[PDB]
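Below, each chain spelled out in residue letters.
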Amino acid sequence: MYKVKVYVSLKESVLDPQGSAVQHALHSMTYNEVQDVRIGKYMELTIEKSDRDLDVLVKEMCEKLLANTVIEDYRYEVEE
Amino acid sequence: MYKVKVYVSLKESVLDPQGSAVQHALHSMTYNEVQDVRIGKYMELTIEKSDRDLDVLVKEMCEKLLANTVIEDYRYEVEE
Amino acid sequence: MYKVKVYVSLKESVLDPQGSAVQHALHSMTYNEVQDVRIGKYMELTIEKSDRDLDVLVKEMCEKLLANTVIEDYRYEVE
Amino acid sequence: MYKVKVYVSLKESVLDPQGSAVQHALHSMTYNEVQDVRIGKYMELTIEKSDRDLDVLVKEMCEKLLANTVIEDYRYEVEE
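Residue numbers (my numbering), protein chains in the order written: chain R, 1 to 80; chain H, 81 to 160; chain A, 161 to 239; chain F, 240 to 319.
FYI, nobody ran anything at the bench for these hints, they're computed from the structure.
Even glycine gets a Cβ: it sits at the ideal position worked out from N, Cα and C.
Hints may be right or wrong, so weigh each one.
Claimed, not checked - Among chain F residues calculated to face chain H with C-beta under 10 Å, some are:
id, residue
1, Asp292
2, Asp312
3, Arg314
4, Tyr315
5, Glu316
Take the sequences, apply the hints, and build the full model.
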């Protein structure tokens, strides 16, 4: 069947307090050449396949659960 | 400037309670064609080339903070 | 619009002289730490909203042009 | 060991003749929803770990062989 990977990232225009806290921790570890950190979501979905189209299925699952379209962009991969 | 995306997931010999809660959530929405859900971390770093080897720098950050080497695996991407 | 990236690669069970030539070339350039080289195909397509299923579209485009289903594997991305 | 993938494509300020040919064939196959086609190179390399920095290594292999510095762009992926 299908192995779909969905990547979710906060649109550039939005701020990321968690990513900044991490960056700070990295500076706290002397890894001070990290001028900025961004934290997103990564998902591996093993999809069978029903009377529903692959693109519609993934877009629906993304557009309403896996992601919050007013703060995060996404892209996805597929391989059988 | 190097853009460094790190992808951490969880060994395949490790359960993913978080992924399960999601599969269940997706099924309740009729997306019953999801056989499994693994949830991972995606991180975009912005590095300013220093006196430290890039591969050395990335390996250390992942191994010491970004990815728990005991229950997770990782890979990364580099771009200028 | 769909920015779509398909990746065609020779199956592991197939030999790749081109890759082995490039690897040799590298060795000549003193990079002997390269124990192997595989050369694949990278296509970046822009697809408009179609009445057809994206996965279905790509599979067909590969099976009959972008990929020789006899010696190559593929995968793809969508944005 | 290191599985290294280098992705060379062609700068966007350059035409992709090889792609237009591909686009045409697809349109002839009736797949007219194809608005454009850019073709690139995919390369999987297995590299022994050395004192050398992967980034430097890759950068160099590209500047002199894998990728034409004048008309192409590259990025890469690393996994142990």
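Interface hint compliance - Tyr315(F) to chain H, C-beta minimum distance less than 10 Å: For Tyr315(F), the interface hint holds, since the closest Cβ of chain H sits about 6 Å away, which is under 10 Å.
Holds or violated: is the Cβ of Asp312(F) closer than 10 Å to a Cβ in chain H? Hint holds; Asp312(F) Cβ to chain H Cβ min 9 Å, cut 10 Å.
Per-residue hint verdict: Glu316(F), partner chain H, C-beta under 10 Å: With a closest approach of 5 Å, the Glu316(F) hint holds.
Per the CB criterion, is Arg314(F) less than 10 Å away from chain H? holds, 4 Å
Is the interface hint satisfied for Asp292(F)? The criterion is a beta-carbon contact with chain H at less than 10 Å. Holds: closest Cβ of chain H sits about 4 Å from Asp292(F), inside 10 Å.
The earlier numbered hints are all upheld by this structure, with none contradicted.
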